[PDB]
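Coming up is one lone chain in structure tokens, specifically the form deposited without the ligand.
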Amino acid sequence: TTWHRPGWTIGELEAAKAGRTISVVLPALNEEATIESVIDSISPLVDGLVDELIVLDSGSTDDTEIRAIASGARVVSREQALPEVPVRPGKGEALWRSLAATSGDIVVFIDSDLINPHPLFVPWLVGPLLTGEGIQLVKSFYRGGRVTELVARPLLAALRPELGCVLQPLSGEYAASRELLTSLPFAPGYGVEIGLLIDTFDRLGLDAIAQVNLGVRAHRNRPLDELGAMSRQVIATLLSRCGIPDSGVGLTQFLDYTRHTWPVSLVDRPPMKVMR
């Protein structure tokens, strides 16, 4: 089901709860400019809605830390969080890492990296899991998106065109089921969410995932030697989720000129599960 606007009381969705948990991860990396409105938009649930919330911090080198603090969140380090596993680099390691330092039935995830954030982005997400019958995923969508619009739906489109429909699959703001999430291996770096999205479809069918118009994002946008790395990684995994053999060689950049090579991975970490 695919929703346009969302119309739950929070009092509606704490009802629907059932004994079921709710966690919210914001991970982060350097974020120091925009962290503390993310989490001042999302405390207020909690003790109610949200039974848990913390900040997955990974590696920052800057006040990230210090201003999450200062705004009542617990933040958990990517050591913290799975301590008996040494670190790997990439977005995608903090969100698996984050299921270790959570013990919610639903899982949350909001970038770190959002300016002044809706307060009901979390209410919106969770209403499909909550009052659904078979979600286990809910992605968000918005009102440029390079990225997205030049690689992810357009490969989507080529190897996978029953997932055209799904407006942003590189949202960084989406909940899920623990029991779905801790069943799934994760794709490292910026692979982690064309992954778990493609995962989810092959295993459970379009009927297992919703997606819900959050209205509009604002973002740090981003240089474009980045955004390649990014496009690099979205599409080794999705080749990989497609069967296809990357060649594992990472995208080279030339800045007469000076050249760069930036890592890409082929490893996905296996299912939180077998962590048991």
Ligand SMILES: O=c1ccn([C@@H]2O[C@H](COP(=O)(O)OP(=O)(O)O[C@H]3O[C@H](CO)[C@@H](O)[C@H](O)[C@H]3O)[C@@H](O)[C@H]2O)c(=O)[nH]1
Given for the second form:
There are 2 protein chains.
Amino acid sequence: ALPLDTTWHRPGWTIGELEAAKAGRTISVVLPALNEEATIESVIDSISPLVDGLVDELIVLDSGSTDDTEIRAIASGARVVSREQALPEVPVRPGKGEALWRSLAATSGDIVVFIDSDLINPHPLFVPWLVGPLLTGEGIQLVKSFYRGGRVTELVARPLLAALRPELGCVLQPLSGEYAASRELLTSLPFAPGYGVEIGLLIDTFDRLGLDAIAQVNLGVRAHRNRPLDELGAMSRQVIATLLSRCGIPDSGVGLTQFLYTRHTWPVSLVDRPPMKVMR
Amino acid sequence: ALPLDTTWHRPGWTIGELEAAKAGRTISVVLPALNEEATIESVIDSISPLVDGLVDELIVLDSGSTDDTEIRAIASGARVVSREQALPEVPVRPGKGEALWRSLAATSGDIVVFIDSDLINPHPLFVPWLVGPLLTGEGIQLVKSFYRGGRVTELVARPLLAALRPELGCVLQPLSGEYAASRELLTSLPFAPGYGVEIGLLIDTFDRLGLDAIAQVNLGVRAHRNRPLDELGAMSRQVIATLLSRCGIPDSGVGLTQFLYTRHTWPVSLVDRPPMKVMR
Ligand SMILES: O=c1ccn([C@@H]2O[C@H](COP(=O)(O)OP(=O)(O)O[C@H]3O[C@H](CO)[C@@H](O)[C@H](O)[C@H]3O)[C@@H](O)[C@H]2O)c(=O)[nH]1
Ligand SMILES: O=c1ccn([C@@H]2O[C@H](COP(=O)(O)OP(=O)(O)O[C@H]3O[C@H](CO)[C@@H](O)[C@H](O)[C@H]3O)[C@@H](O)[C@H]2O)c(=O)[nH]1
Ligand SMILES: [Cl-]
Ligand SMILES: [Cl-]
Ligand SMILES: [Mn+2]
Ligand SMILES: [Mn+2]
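Same protein, different condition: the form deposited without the ligand was shown, now please give the form solved in complex with the ligand.
Time for the whole complex; same chain goes first.
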């Protein structure tokens, strides 16, 4: 009933059917992680039984952790790849976008799945639920999750999309960290910096391929790290810079300032990474 | 230390000094109210001792209440003015902006003060603190309050201003409902609809008069009705339509939709009321 292919109920497919449907295509899973020692093990454990079956590859992309993220992820059997290791010829910039962009060079799967590493008790059918529409459908090259409280999503991302790309008004969670896409699409698109990366991929995919190429899947309920409002403001600012730029609007480049009563300025970036294709 | 005149500490002035400084100028106070029976009395009580002294006029602008707002405000001694009564030649539209715009025709003070009517225990020096810089300073024609959690302010309004009008980055509470301004300025400016009205007045004042004409004052701590996120999303959407329009950006006019799992669409308006001047 939406112009967008939307699975509302627990998808039907079994692990075996999904695996059959691959037909020579490979699947990489990527867990970006910055200081997530309390949750990383459980996220890995939820996925690693799929490895050498439905999933051909799982990595943790460690984004500069100074806690025990790497040693715990290793103890869980995971290959852990630093930003450095992932693309050593290019100096490292901070932010999630960079980490995901670099993960394209550390993986070789025809389909790439992203899952956040701060999730509290993730379901082991997250990945199968997400590759469903890529594997069985035709035309689909991006799958976003939705769930059941997304303050930045509900107050910033979705109202700005109603304002400037109303066609995407039917995406329920445009900022979701859990999503899958073809390598062909991801290495052809630029990667916005920091927390701008999801909203950039969504709009560029739509602008380049239209809605027919985009699916969304219910993953149930989502629980993750709840962050203080001051941190979310910084995030929101980067979401706005990236969204305005994709819509042709000039962004000042001036970072958000907050007065807690003292003055702090958060970084914002107007620099995207290019399509990973150009690094061939 | 800011390009904006900012009173950080309890203003010095006394009620008598402020009253002397009026020099023939009159002061109207306006309380917009939609279904605020639990708080309206205390807000009125906090201000009505100023009447016939510092304040020449106090009204409640009743915005269509179906609870006991009017009868309680009356029992508190307040003149209660409906949207109808305030400007009978023009049919009533919904939203806060309309109510404030109409209040310009129901008042005659050279200075107009707005105070929200859902405030929990407001301080009786709110109004004196707000008219301070209009009464004593020179050049000032708008005074906004700030305070000490403003989710729409911190995630939408202030980051969008950093993006599109960075000069206003130093306004700490651009959406505050407690503020004062000259009649000359207010009847010269258009009034954005619904919850767009504050952000519209701020940007138009700046664009027309620059920062020198704008002051802000600490009013301490603010407590008010906490609204559900779905309601705030609608608010945020109107804040965005109004902000984009003042910045020269085309807004789709498409209202926000939410899926709670069922589909609802909230109204958004691209229609401003004209300067009240044209209704002379
Ligand atoms: O520099 C960074 C920052 C974050 N992360 C990881 O990225 C994931 C999501 O980060 P988080 O700090 O938990 O973001 P959220 O506050 O949850 O933001 C939501 O909205 C963001 C904007 O789209 C998305 O990037 C997020 O995935 C989404 O969960 C987590 O596993 C982090 O460890 C990094 O790897 N590097
Ligand atoms: O149609 C309406 C809606 C609201 N109100 C009154 O306006 C005031 C503020 O409304 P509220 O629902 O409490 O808004 P907030 O969620 O607090 O929104 C904040 O941010 C808004 C956008 O700028 C401002 O309009 C508000 O004053 C500010 O408090 C209250 O006294 C309401 O009774 C009306 O009179 N008519
Ligand atoms: Cl291409
Ligand atoms: Cl004029
Ligand atoms: Mn998170
Ligand atoms: Mn309120």
